[PDB]
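*Asks:* What follows is each chain in one-letter form.
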Amino acid sequence: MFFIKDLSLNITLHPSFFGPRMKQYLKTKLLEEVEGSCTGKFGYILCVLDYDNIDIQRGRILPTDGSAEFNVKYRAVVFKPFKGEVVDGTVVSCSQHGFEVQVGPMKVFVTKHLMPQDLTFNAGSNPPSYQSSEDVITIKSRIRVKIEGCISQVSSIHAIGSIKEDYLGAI
Amino acid sequence: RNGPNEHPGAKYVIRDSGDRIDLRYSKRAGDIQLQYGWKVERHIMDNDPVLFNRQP
Amino acid sequence: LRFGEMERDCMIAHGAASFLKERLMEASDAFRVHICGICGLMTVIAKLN
Amino acid sequence: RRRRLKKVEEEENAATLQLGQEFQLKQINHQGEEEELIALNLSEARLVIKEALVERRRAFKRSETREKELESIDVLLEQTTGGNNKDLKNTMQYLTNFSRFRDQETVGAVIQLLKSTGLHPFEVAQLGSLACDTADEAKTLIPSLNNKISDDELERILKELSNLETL
Amino acid sequence: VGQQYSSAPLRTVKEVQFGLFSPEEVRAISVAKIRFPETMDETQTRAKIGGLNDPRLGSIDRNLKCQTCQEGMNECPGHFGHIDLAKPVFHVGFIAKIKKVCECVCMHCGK
Amino acid sequence: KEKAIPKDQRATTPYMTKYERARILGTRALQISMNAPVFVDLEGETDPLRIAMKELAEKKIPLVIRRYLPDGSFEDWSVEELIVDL
Amino acid sequence: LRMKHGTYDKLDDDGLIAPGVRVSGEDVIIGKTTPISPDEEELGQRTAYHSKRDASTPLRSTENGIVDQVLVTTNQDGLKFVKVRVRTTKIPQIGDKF
Amino acid sequence: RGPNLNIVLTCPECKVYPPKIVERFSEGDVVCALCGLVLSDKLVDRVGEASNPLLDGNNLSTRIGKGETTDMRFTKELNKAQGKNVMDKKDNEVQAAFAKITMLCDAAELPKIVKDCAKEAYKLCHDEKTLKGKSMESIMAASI
Amino acid sequence: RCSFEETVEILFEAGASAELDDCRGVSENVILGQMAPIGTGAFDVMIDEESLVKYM
Ligand SMILES: [Zn+2]
Ligand SMILES: [Zn+2]
Ligand SMILES: [Zn+2]
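Quick note, the sequences are listed as chains A, B, C, D, E, F, G, H and I, same order. No gaps in the numbering here: position 55 of the first sequence is 55 in the authors' numbering, and each next residue is one more. Whatever position you read off the second sequence (first residue = 1), add 392 for the authors' numbering. Whatever position you read off the third sequence (first residue = 1), add 1127 for the authors' numbering. Read left to right, the fourth sequence gives residues 11 to 73, 117 to 220 (the authors' numbering). Whatever position you read off the fifth sequence (first residue = 1), add 1 for the authors' numbering. Whatever position you read off the sixth sequence (first residue = 1), add 69 for the authors' numbering. Whatever position you read off the seventh sequence (first residue = 1), add 882 for the authors' numbering. Read left to right, the eighth sequence gives residues 14 to 58, 78 to 176 (the authors' numbering). Whatever position you read off the ninth sequence (first residue = 1), add 1398 for the authors' numbering.
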């Protein structure tokens, strides 16, 4: 799910950027260090809103490092997964263990135990696919996956989904 | 160039990545090219400030 | 060479706060540990790799 | 602020609308004013992200079908974004291929439509992100909706959503 | 060389809170249970599993890793075990304090 | 921010202290040694500490000293406005 | 294995430097080895070729001189043991106490 | 049959395996001999007890004795409690045999190694089916 | 307090009393290996953005 969240970060600037245009460097650092990053607390931080109105607080020089630490307050859009959520995605890859969909910046793993009984793995077909009487699941296919569990690390998030429930699976 | 066996000289060269090179055993690869931001551990020279103490 | 308590007091009198830290940390044992925000114990299993 | 030791925290589950300790319904902005949680459906998120990117492009220089649109977003994303944009590139590609409402007019109506239900911000975003044909499908796909909106209102809301979306 | 890079934020200690370990906290904090009074196995080649020098508790040898964090000696801070005492025992440093508390409260209803 | 005393009601001394001068010179010397933009013209100087002393003399050190108070309140004093008489 | 970084050139086939040879810092004076139990690898570098570990007695790092005498005999238990004496000349300099 | 938990120090730059490693004990560093890159720093060189791994295996024990201040009543009961240990009883038999071997060897004016070999020989050949119907005196003499 | 005398007895009392140490004195910071709020450490050095633009 996508949210607009208020976030704060501590950015450290090397003294080489302690010039008249240091504010621009901090803004550049925020894009290069926040956008495209993953955090288990706020999820995947995608885009920074109001890039021109980022609040930069006074910088504190670290005693030994000599670099200035800046507290930066910004507004950004974050994709945070949840257990029990229903999402749609594309099957990036398939294997014996299962097939995983590509939902936004995240990948949801669908285990065989989380799949319906009828579906069976078939490695003879190129590319490998799960075939059943009603539908066939292959790379690039569209699947409606329900997240059955999420593990969030400080800089990584992994989720597992199921398609056993009704109105799930191939779209 | 002087090395750790001739004062004034140096004993180690530390790169920006944290890797430290011991000038002993390092001459096999010829000279080393220093770069800005690196650290060179060199022998204490004249006029260097040091702390001088006597106990108790 | 020991940097004893009496030596620490003199540096405190001199006001060299940064030098005192340098002697006690960079010139001697220095260790980095991970602590939990809920409990202030060094019981965090960190897989740095 | 003193009892920092472990307390039993509710599990993060969407079915119970327990989004965690940080995604609560009430949120505080940087100024300090109380604000509601901002949940965006797929269509709304695409517009918000794109609206920021286009503004970002203007700042630097100053100082349609899915196929061609996908290319248009691709070129814009690279120009107006820095390195390590792997996650963002996939996000924009996913949003375009899965978004249902294209422009602001349709998106604005959708917001003008579902806010009358008074549901949780997470629930309304789910309704605008997942296409459901019958009340039962929405109820099972979004368990939180159960015992919150009657099938009579839900059936008409989904029908109006389908008639407000064109490609 | 120095210690490896870590993604966790770096801060400075601002307050130290003392206290006493609860029996539950010790078990939760502990990474392994010690049940053998030996230190090395019968072969005296590798430390016995479940013994005092359990590999899960950490490592003090420059050539061995920690079975918990898979990190070297200079990086592993050490991990705590726990021993389940058959019967409760007094804390030698709190015997005097325990005596004072016992007099303060009733020995039948604890009031 | 109730701990930031306004500039109009600052009651601390307007003179730089020896510890403040020592840290400012050392703080800026480290930055110079790490390739920081020097704001003062150099007539020939290689020691970072000597460069910092030149900057302090001409008041070209872009730093402010946050003087803390025993209750937690602080006052921000710019190096340029601090009198260096000691 | 674990051979000291010093030099073993001055040692003889018996691991002892003969009298009259000049010695300096880190020079091994008494060469000794002990068998090592297999299944122990340190820093790699431990192949099937290695079967011993160094247990030598090097000269003091700050001291140098010439080996005076070397006597070989047995202790009360009959085990082999040796004594090595080294001569060096001390000349008055700045910092000598009189 | 168990986790590796083995670390091999190789130079990332030189990449030559096996590497030439020199241990600078005085500098406390492990440095590559070809390029000089340091692979490990802060190398480490009574708060312990003298333990013999072979003749005693893995057996750790502590004695109870008087201190600067102590009441005789506490010492006696604690020693009595310590003796009544079922698990330590099994190892005490080997220790008791070692004590008698020590007495016999000492009374014979024999070298220390002879006593050590006799104790080790008893331990290796004790607790075996073949030697169960033989007097302990013959067992000790044969080991000596 | 433990740095002076009765180190273990004081620490046990703090544990029973659940004492909170704010780490203001030299002894606390010296134990923790961080700059104490003394002399040069009695203040914070910050970067002035208003002045950076005016020095060029
Ligand atoms: Zn914790
Ligand atoms: Zn470990
Ligand atoms: Zn190398």
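Any given hint could turn out to be false.
[Claimed, not checked] Not close to chain C: a few residues of chain I, all C-beta gaps over 12 Å, as computed: (1) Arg1399; (2) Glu1407; (3) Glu1411; (4) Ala1414; (5) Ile1429; (6) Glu1448; (7) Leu1450.
[Unchecked claim] Computed beta-carbon distance windows for the label pairs: (8) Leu1418(I) to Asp140(F): 15 to 23 Å; (9) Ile152(F) to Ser8(A): 31 to 39 Å; (10) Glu45(D) to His109(E): 55 to 63 Å; (11) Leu62(A) to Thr915(G): 46 to 54 Å.
Think of the hints as simulated: they come from the structure by calculation, not from any bench. The beta carbon of each residue, even a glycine, is placed where N, CA and C say it ideally should be.
*Asks:* It remains to establish, for every hint, whether it holds in the given structure.
*Replies:* Against the structure, the hints:
1. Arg1399: Check passes; 15 Å lies beyond 12 Å.
2. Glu1407: Given that every Cβ of chain C is farther than 12 Å from that of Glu1407(I), nearest at about 20 Å, it holds.
3. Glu1411: Since the minimum Cβ distance to chain C is about 19 Å, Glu1411(I) lies beyond 12 Å and the statement holds.
4. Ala1414: holds (18 Å)
5. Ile1429: Given a closest Cβ separation of 9 Å, the condition is violated.
6. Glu1448: holds (27 Å)
7. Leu1450: Correct as stated: the minimum Cβ-Cβ distance to chain C is 24 Å, above 12 Å.
8. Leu1418(I) to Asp140(F): 15 to 23 Å: At 18 Å between Cβs, range holds.
9. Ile152(F) to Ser8(A): 31 to 39 Å: holds (36 Å)
10. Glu45(D) to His109(E): 55 to 63 Å: holds (57 Å)
11. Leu62(A) to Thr915(G): 46 to 54 Å: holds (52 Å)
Checked against the numbered hints given earlier, this structure breaks only hint 5.
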